[PDB]
Structure formats: C-alpha cells, structure tokens
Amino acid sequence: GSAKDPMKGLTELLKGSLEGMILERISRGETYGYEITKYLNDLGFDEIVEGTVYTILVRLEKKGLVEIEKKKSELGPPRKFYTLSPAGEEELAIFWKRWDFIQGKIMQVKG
C-alpha cells in the first residue's frame, strides 16, 4: 500500500486559515505567541514556527483585533498576552462565515 503520510507541506494551503485559527485560540482566553504556536502544532499543523506566529500577531495588532498585556507567565518569564478586542470578536465571526462559504464552493469543485 501507500506510505503513511505524517502530513507536512501544509504551509501554502494554510494561508488565510492561519489568522482565523489564531483569533479562535485567542478568543478562548489570554495567550502568547509560544503557546499559540504549540496549540497549532498539536492540532496537527506541525511546521508552523514561533517566528511566523509573531508576524501574524503583529498583523492582528495593526488590524486592531487584539489587546496586549505584558505580565509574568506561570512558568516565570514575561510574555505578551493577547486577548480579542470587540473588533477581533467580530472579525472572527466574519472569518467563519467566509471559511464556510469557501469550503462549500471547494466541495463543488471536487464534485
């Protein structure tokens, strides 16, 4: 049979989805770049590095979607903790609407 694929090479396909995932994770509770990265890796998106997550967090700030608190993490070191602003909450809802639209149309293209 076919070789068991550990599912790498997802970077390009995750463009557009990545931002939505991060906003979704932030919506659930205050979190930081290292934790967000590990959340995405454990979900199965194994190749996303911390450095990439930082760029997206910067983009989210510029979009006005997140609120930033510097404080000590539970393990010790200071972290930048992100929460959703009301605009972030609304943009997340918009993401799910657009992602649902796109999924349905891709299922038509497959059909």
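Basically, rigid core = biggest C-alpha set you can superpose within 1.5 Å across the two forms. Residue numbers count along the first chain shown, from 1. Compared with the form deposited in another entry:
In the core-superposed comparison between these two forms, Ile102 has its Cα shifted by at least 2 Å. Annotation for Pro78: C-alpha shift of 2 angstroms or more between these two forms, rigid core superposed.
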Second form
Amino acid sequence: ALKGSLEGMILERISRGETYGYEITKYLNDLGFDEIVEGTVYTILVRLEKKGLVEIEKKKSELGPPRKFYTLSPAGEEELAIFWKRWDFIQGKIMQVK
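Please supply the coordinates for the form deposited in another entry, as a counterpart to the form deposited in one PDB entry shown previously.
No partners, no molecules, just the chain.
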C-alpha cells in the first residue's frame, strides 16, 4: 500500500546511524511492513549507491561474508529532506480534503 515511500523510508533509517540491509529490513518489518524480504531492501540499497545517495563502509568478517554499512551522503541528506517535504505536502492536502 506504500511502495513509493519505501525508497525514502530506507533513507530515513540510514539517517540515524550506520546500518545494514538486514537491520534496515527488520526495522521496516517492525513498523508493520512485514511483506518485504531482505532482497527487496538490498535491491533498493544498490540503487541508492548508483545514484550516489549513500556512503559505504565495507566491513569484513572471519565469521561470514563481507557486509556493507550505509550512511547518508550529502546528496542523500538533501534527497531525504525533499521526500519529507513531499510527504508533508500530500498529508496537508488530504487533510483539507477531509
């Protein structure tokens, strides 16, 4: 019911500390959005790197494979800023409709 917000919901989670595909997927699941799988998140996480909106600290393990840790870039700091202003707008309009 909100796949549009998913791209900005993720940047929201990344805005409050270094995080990883799993932790971000779990946080979305905890919010009530249990329909999504790890993969769906990573496939947006890849997209956000391509577009330049996240920064990457690749972290190694002797216990398993390497995980990526995600941070907002200045561009992503900006793009998230826009996303919310977009939300505020639409809620506000619906509000006056009601």
